[PDB]
Every structure is written in structure tokens, then in C-alpha cells.
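> When you get a sec, could you build the whole thing from the sequences and use the hints?
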Amino acid sequence: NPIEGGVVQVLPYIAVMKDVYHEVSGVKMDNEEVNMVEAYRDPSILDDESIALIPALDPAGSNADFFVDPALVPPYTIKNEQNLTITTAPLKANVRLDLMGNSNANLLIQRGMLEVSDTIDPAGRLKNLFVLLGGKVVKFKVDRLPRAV
Amino acid sequence: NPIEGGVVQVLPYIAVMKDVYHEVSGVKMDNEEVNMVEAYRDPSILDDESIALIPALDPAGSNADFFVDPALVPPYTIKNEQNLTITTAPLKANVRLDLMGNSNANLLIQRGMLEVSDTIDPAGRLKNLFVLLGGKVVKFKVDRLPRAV
Amino acid sequence: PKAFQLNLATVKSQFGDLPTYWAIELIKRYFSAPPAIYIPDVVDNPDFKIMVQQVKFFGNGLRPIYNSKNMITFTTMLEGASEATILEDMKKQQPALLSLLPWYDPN
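Note that the protein sequences, when read in sequence, are chains A, f and B. For the first sequence, the deposited numbering begins at 201 and goes up steadily by one. For the second sequence, the deposited numbering begins at 201 and goes up steadily by one. For the third sequence, the deposited numbering begins at 160 and goes up steadily by one.
Note that these hints are calculated values from the structure, not bench results. Virtual Cβ for every residue (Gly too), placed ideally from N, Cα, C. Careful, some of the hints might be misleading.
Think about it this way: if two alpha-carbon atoms lie no more than 30 Å apart in a straight line, the pair counts; the simulated DSSO-like pairs of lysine-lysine are [stated by the list, open to error]: (1) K215(B) to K251(B); (2) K228(f) to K187(B); (3) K292(f) to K228(A); (4) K161(B) to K292(f); (5) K187(B) to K218(f); (6) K279(A) to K187(B); (7) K208(B) to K279(A); (8) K228(B) to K218(A); (9) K215(B) to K279(f); (10) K228(A) to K341(f); (11) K279(f) to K161(B); (12) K187(B) to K279(f); (13) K228(A) to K187(B); (14) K208(B) to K292(f).
Derived list of chain A stretches under chain B, where covered just means 3 residues or more per stretch with a C-beta under 8 Å from a C-beta of chain B [what the hints assert, rightly or not]: (15) 254-260; (16) 305-311.
Cβ pair distances, simulated, as ranges [what the hints assert, rightly or not]: (17) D219(f) to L345(A): 56 to 66 Å; (18) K251(B) to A264(A): 22 to 32 Å; (19) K251(B) to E223(f): 14 to 24 Å; (20) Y276(A) to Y197(B): 25 to 35 Å; (21) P346(A) to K251(B): 51 to 61 Å; (22) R188(B) to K218(A): 18 to 28 Å; (23) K218(A) to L291(f): 23 to 33 Å.
In C-alpha cells:
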């Protein structure tokens, strides 16, 4: 319309960002905010495994008796959505443990200690099987077998 | 009546209180309780500046580069509802910063760090300009001008 | 006085051998810190310092904790506050603050 004399193109979009606190001496909000469209090219933008239950090895060794002897399978490092590291090793075969109690959640207590209201998802699988083959360990990926559910 | 033999006067009212917590020493709850009625004569007892977003200096000097050189405009302190004070100074011109990040709400963390839920009121104004003139600084109060909105 | 550093490694050693984040929570409990405080692991941010400042008084409100760019300054009223004296006071108060049973048993 000649009365309008111009247009504005309004583009409503959805942005994805992390749970980041403001920095005191920050030049800008250091929060990796991107348009969700970028998640099609880079799947890590929306990749969220924060709720994974990862049996975690206590750096002090307090629960080392629950895990495979490092001599057979040395522990490795996992970085979560916060870029912090936990030391993770496979659970020892023939082990009886509090599965939540020894989870990364109780060593990473930035959110809190687990209580009776924290439950495990009945939907789960056996992820890996570690077999000692002739003095050395072979890792078997078994998460696609019908018997692992 | 001689059976009653006395009178009791009951004084209900609504009191203005301060938001305080119990102390470990616990001598008394030092809450400045005052009758609402007084607010009709000295309404200043209701003033609450906690909502204000006031840029604050890091005592360590980590964010000092956002503020006017103390050699030109010395910083001054302000007091909250308690006797705790923080240092504030005018922001330096020609800067880029996280305005919330450098605010008093992060420098003195009584109520937690600022999150994505903490936002700035669009109804803001330019309060003062500090102009360097002949080696010294002149303060211009421009808060009411229509160009300061 | 001047703020001093409270070395997180010394907290871990005093209370048996805590994992980093339990020692951090223990510090936050000792200083009644809000739960909305971020403190990194030393490995992730080795430059990050936990400072303690001895102040004249606390207000009637919540503990006045101060936050710098890459360090957090906890406030105490402990007379003669120092790294050693804070560690000793933490051990005295720990039974009420946080149950460290998997590592540290004061009994």
C-alpha cells in the first residue's frame, strides 16, 4: 500500500544455547547460542547425553573393586556437555553394586546427590562386552543384538 | 462490670518487615519491623532498590577496564538493605561489555549468579554523562531529557 | 586484612581423598553458598582460585559472597583466617554440613 511506504520482514526463529552463567568481567555473554538449523549440519549442537548413567571410577579408588582391573582394561576419559572429565571403566563381570550410587551423577554433584526420586529408565541395553581372549582383551559391541535389551 | 474488673485493648495491624534470616549467634532477629501506619508520614521506609541494575567493580580489578579511569572520576560505594557495600563507577565511553555480567547482581552473590532467566527492563534511561573539560570532569544529569529514553 | 587462597587440593587431602566436586560442594556447604554457584574443576580451569576474605561482619541476610572474573571470594568471620585455620574449622563443622561417608569417617 502507498500508505505503508515500506515493509519489515520479521523472522521468528528458535535459538539453542547452553545453561551458562554470566561472567563478571565478560565482554559478551559467552554462551554458544546458534540457530537450531545448524543442527542439521552439525549434530552435536542438539546432542544431549547429560542423563546417561555412566558407572564412574572414583579417582580415590573407593569403588575400584567394582571395575575391571586396569591391568586388563585401562580406564578412559569421557567429557560431558560441560566439557568436564570423568574417569570411566567397564564394570567387572560378576559384580554386585549400587548402579546409581556408583554412577557419574554422584561424583558430578553440581546438580545434587541422588535421592529416592531418581529412577532408572526401564528402556536400556547391554552396551559392550569385554572378553579376555588369550591374555588380551577384545571389546565386543553388542548393543545391536536382540539379546542385549 | 465488677465481674470483668478490667479491660484489654487488642491492637491488630500490618507491619512492614525486612527480608532477613536468622543468625547463628541468635541473640535476636534484628528485623526492622515498623507499623505500616508510619508509611503515611515517611513513605521512604518502603523504598526498595534491589531491582536496580548498577554496574559494579571487581575488587580485584578484573573488570576495571569498563569503567572511567579513577584519576578522572573516583569510584563511590553504595549500600544495600544491609550494611554491605559495593564499589560502583560510571561506565567508560566507547566500550563493549556484558551489562548484566558486570552488574552488582554478580559482583555480590547473595541470591545466586545471573541466569538466562534474568533480563533487563526495556524502560531504561541514560542517567548521567561525564564530560572531560579542561582536565576535570563535569557531570550532566540528563535522565529526564526525551533523548535519554 | 587481605583475601587468601583456599587450595582445593588441601581440602581433598584433609577429608581423606575426596573427588574434586565433593570437595567443592563441601566448601559451598561450609560457606552456605547459594546452589547457583559455578566452580570448575582445577584440571578444567587451573587458573581458577577459591579465595577467602575475613570480613568485619555478616549482614542479617544471605552470606555476602563476592565473585571475580576467574575466582570466587568466600567470606568468613573467623578470627585470624588462613588456609590452615579454615581447613580445621571445616573439619569441625563437616559432620553437620555434608556426609562424606565413602571417604571420610570422623567417627
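> Each hint should be assessed against the structure and marked as holding or not.
Status of the hints after comparison with the structure:
Of the pairs offered as hints, the one joining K215(B) and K251(B) holds, with about 22 Å between alpha carbons and a cut-off of 30 Å not exceeded. Pair hint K228(f) plus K187(B) holds up; C-alpha atoms about 26 Å apart against a cutoff of 30 Å. Distance restraint check for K292(f) and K228(A): the Cα-Cα separation of roughly 16 Å lies within the 30 Å cut-off, and the hinted pair is therefore satisfied. For the hint linking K161(B) to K292(f), the alpha-carbon distance of about 28 Å falls within 30 Å, and the restraint holds.
In summary, the hint linking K187(B) to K218(f) is supported, as the alpha carbons are separated by about 26 Å, within the 30 Å threshold. Annotation: proposed proximity of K279(A) to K187(B) holds, straight-line Cα distance about 24 Å (limit 30 Å). A threshold of 30 Å between alpha carbons decides the hint, and for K208(B) with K279(A) the separation of about 22 Å falls inside it, so the pair holds. Using a Cα cut-off of 30 Å, the hinted pair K228(B) and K218(A) holds, with the two alpha carbons roughly 19 Å apart.
Taken as a hint, the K215(B) and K279(f) pair is honoured in the structure, with Cα atoms around 15 Å apart against an allowance of 30 Å. At roughly 28 Å between alpha-carbon atoms, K228(A) and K341(f) fall within 30 Å of each other, so this suggested pair holds. Between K279(f) and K161(B) the CA atoms are separated by roughly 21 Å; this keeps the pair inside 30 Å, and the hint holds. Restraint check: the Cα-Cα separation between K187(B) and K279(f) comes to about 25 Å, which is no more than 30 Å; the hinted pair holds.
For the hint linking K228(A) to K187(B), the alpha-carbon distance of about 27 Å falls within 30 Å, and the restraint holds. A C-alpha spacing of about 28 Å is found between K208(B) and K292(f), which places the hinted pair at or below 30 Å, so the restraint holds. Counting residues of the stretch 254-260 of chain A whose beta carbon lies closer than 8 Å to any beta carbon of chain B gives 3, which meets the minimum of three for the stated coverage. Note: the stretch 305-311 of chain A has 4 residues with beta-carbon separation from chain B under 8 Å; the three-residue rule is met and the coverage holds.
Checked against the given bound of 56 to 66 Å, the beta carbons of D219(f) and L345(A), roughly 59 Å apart, stay inside it. For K251(B) and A264(A), the Cβ-Cβ distance of about 30 Å falls inside the hinted range of 22 to 32 Å, so the restraint holds. Under the hint 14 to 24 Å, the C-beta atoms of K251(B) and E223(f), about 19 Å apart, fit the expected range. Between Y276(A) and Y197(B), the C-beta spacing of about 26 Å keeps the proposed range 25 to 35 Å intact.
The hint said 51 to 61 Å for the Cβ distance between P346(A) and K251(B), and at roughly 57 Å that hint holds. Taking 18 to 28 Å as the suggested C-beta distance range, the pair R188(B) and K218(A) conforms, at roughly 26 Å. Evaluation of the 23 to 33 Å hint for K218(A) and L291(f) yields a pass: the beta carbon distance comes to about 27 Å.
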